[PDB]
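Here are the chains, one letter per residue:
There are 2 protein chains.
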Amino acid sequence: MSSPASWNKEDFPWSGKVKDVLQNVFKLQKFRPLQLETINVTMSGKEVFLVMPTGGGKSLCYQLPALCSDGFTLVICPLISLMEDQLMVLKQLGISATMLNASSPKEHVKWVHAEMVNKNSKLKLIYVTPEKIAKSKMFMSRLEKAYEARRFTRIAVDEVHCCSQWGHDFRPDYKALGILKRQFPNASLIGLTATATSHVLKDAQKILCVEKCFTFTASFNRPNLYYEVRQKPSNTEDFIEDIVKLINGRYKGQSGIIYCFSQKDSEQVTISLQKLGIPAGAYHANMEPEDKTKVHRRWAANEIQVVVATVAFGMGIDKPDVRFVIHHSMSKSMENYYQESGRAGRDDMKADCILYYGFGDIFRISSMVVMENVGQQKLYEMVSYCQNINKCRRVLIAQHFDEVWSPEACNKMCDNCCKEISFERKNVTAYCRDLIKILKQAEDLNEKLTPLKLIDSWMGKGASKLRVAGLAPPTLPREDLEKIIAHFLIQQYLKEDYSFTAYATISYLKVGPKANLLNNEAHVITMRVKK
Amino acid sequence: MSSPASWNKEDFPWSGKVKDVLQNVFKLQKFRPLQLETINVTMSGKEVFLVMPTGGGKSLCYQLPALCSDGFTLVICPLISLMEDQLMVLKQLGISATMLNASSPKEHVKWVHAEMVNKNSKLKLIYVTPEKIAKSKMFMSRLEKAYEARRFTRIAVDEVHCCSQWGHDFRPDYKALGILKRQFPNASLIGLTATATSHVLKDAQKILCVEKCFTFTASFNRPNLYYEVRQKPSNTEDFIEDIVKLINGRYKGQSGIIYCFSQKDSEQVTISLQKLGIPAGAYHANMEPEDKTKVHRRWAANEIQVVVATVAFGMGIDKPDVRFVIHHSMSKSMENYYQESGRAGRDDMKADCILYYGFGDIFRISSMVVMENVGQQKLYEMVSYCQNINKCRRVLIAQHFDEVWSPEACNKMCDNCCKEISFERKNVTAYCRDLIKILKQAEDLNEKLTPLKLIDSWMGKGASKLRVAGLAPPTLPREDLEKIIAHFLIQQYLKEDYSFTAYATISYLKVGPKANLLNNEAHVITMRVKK
DNA sequence: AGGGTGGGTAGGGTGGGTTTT
DNA sequence: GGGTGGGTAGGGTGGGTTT
Ligand SMILES: [K+]
Ligand SMILES: [K+]
Ligand SMILES: [K+]
Ligand SMILES: [K+]
Ligand SMILES: [K+]
Ligand SMILES: [K+]
Ligand SMILES: [Mg+2]
Ligand SMILES: [Mg+2]
Ligand SMILES: [Zn+2]
Ligand SMILES: [Zn+2]
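So the protein lines, in turn, are chains H and S.
In this text, residue positions in the first sequence follow the working numbering: the first is 1316, and each later residue adds one.
In this text, residue positions in the second sequence follow the working numbering: the first is 1316, and each later residue adds one.
The reader is advised that the hints may include incorrect statements.
Same chains, same label: a pair holds when it works inside one copy or across any pair of copies.
[Stated by the list, open to error] Below are the DSS-like pairs computed for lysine-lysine, each with C-alpha atoms no more than 25 Å apart in a straight line: (1) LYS1741 x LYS1829; (2) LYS1810 x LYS1452; (3) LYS1755 x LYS1527.
Rather than coming from a laboratory, the hints here were simulated on the basis of the structure.
Model the full assembly from the supplied sequences, consistent with the hints where possible.
What follows is the structure, encoded as structure tokens:
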């Protein structure tokens, strides 16, 4: 990836107009990181790819150069729902922009074809779906005449990861986008994406066959976010009492988001928050757009303070004043938590990202990812983040962002960097060998053990048939033992076994593959605990 | 890829039943290459991947091992249309096999669930779509019960390339198949595909979590095939006259296939064969499936001695006695020609694969391949194959199948190996310098040159506005002028320019990027012609 | 929006228990 | 069907091009 330091300057001939346009029509004071760098590249008539997290400010990077240059700027966008969002703010700001898709009516298409060749037109941005390029000979005909007339001057490829079959949401219609610049060379092209893997970019650069393209990446770090992991209470009705105590005590009157695992959690937390005086909402997949668009308005217009949903929020209008993102259960992966929690504090003021870590959540979510090839493995990354108490939460998230994460320091903006004066590391081998005793007795008695059943027999609870006749209880609180077993699960000394039935996939605990290392007398397993 | 030499033996303990089941139940005489090798690996309880060309006989490699083992063998298949084709052959040989999909009737699922646990069941093969694994908790429950009862013993994954997001026709449900051996470890799995690229295969091994896996590839070479390229006549009436004299002269009474470029050509060649006494074929994409299944029966029962089909003549075509594959125009790529022409001579007797090369075809196909990644580059591979007159056609086909093509010799069954003539190299610079003078004069007058307009002005015909006022005609046949210009097009001394209009993609010829090398008086471009 | 000693051969998966198109 | 018949104009579900 190229170095953008040499482009963060305001001495170009267009710098006078870009700074003018930035403040008076877009109503923004300064540039976000790499906004100025990328804008300088497009106005100089060269190719640029921009990697920036969702909500980073990618929309401005091709809207602004259109307003200080002539013609329209063509924006390739994968979805109509996203294109309508862009038109709502562009037409709000007094900028003339329109959109074209397969569903556009007959009367509307005639009006835009008219404006695409009128030199006296005010149209500066024309959004189209990739079908309008590959599967429309007519639109390609009008682009050809507009290019000959110097009316088609810039190209914008939003969500450029769809070019590569390596990147998520690969569209076969998106691979055709290489045809634009080969026949329209004088028009600059810009690519935008949230996916950071470099090899997907280079494949997009080959399909979008300009190899000599500058590639800028913004710092995926959000310094105004505070990350924290709290233990999830065993009793649910006591937990939701603790939620209101935190909302009222910390975030009184400020809007936020609550992420839950399942749809039944999303609704039950909503109505149980409303009864306690917190205006809540649900955003989980089904109902009628009309009856789950109101909740968007009610949250934007602040009739409701929190939106308790399951994961499909996708809610940036930049939602600028989001002060807190509390998770009821952990997200499926680290790339899911960063995306979901990263929607807070878009005003760059201090916002909180709170994750509630529950031992029961590990196995219910693990049971459902068994059809994602790396599902449990991505989940264990999230669980490792939860049980980790000694490292900066920002550094744990950074391990998934190798190419796009800058080394900027936490500066005491995580749970672990303020609290937690120094540690000690203790041996936990005997507890691991103890757990094998209950699992080996279960194999002898043809009994299968749920995670709950394993703790019970360990403590001296549950079926006496499952008890180890001479094994003594560990004399530790149940919250510590739920963190001991999960460590053995992450460390692969214990493994998850799944049983498929008609209703659901239920997770059991069985002896792990690394338990044979305990036959070695010199083997030692350790955990980092508090001294 | 692993070496199957140590496995090409019939002295294993199960070999007594293999020879019996192969000849007495499947009613076939001899194993095809790698059929015996792969079966020996499966019967030893080891996972194996088999790469074999389409129509090579990979289907037998999991049908036979089911008959020598207890219980059924589970076959993962991507399409209902493919499973129905196999079940027809399964029913006629007297082996009980069934299939399951989302459209299966409520009565049918209740019957198969019963057989999946009946120790006295006759069922030996159970075909399912990937939805029955990923999106069916109930079928997974019964697969789970069948595994404990030792009735579920083998796993078959047909079209395994769909697991990888790199391979064509990718299904997201195929990435979930990693659960099969993850939860059914004692059951062996076999993977099958027609795509040979190694990175897709290694991805499939990780997707289904078998890193320890044998990988066999069959020789994509078909020695019984004769490859030939003939020049296409200018008049379409004389071409069909030359086609009929080929069927009558060489291929009297035996069935074959004719592939055409366009849908209009398929129906025009059809009716022109009927009037000349040739039993027609009519294969297209837009007619009712009733018609699609008709042309198969009349072709299978030899009521028609040809199916003059378009691209996608519809493989699961399994007709062994196809003695000729005449192409009316060239295929889109080399990977497409091998697939289309390879459907001849499955009885291992000498069949001909003849391609007709037309100068007008180069640009008609170019207009449809310039809209998708890379194919115009793939199209030039075919044109290079056509104009090549000194190299074995088997070597030209081999260059696209590097990893899976054995160096076994042609033995004089291709167009270039029987011509027995060789030639020196002649200079063609003046003709290239001549063509540039006409292309630059057209650009000065703001006129664009079609391929036809370029030939006319060169010969001294066509519009006088386009003549050079000198540059007296080359006095060579138009057949030479077509192959000289196309050679300059491959060598990039000429390039294709496209104009998009409301009805068509029109290809034009313009000065190429390598024309600047002709400013050097020492530059020489040469062509090989016949001596 | 139930629980798994209530059962999965006659109870079935659109009856319900687990997130995006 | 043909492109000097035209595309600020007639529209592409009217037809000239691959599953
Ligand atoms: K039930
Ligand atoms: K027309
Ligand atoms: K029930
Ligand atoms: K019931
Ligand atoms: K017309
Ligand atoms: K007309
Ligand atoms: Mg965006
Ligand atoms: Mg097959
Ligand atoms: Zn920190
Ligand atoms: Zn040869």
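Each hint, compared with the structure:
Taking the closest pair of Cα atoms, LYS1741 and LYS1829 come within 25 Å of each other only inside a single copy of the chain (19 Å); across copies the shortest separation is 72 Å, beyond that limit. For the homomeric pair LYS1810 and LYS1452, the shortest alpha-carbon distance between copies (22 Å) is at most 25 Å, but the shortest distance inside one copy (56 Å) is not. For the homomeric pair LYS1755 and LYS1527, neither the shortest alpha-carbon distance inside one copy (61 Å) nor that between copies (29 Å) is at most 25 Å.
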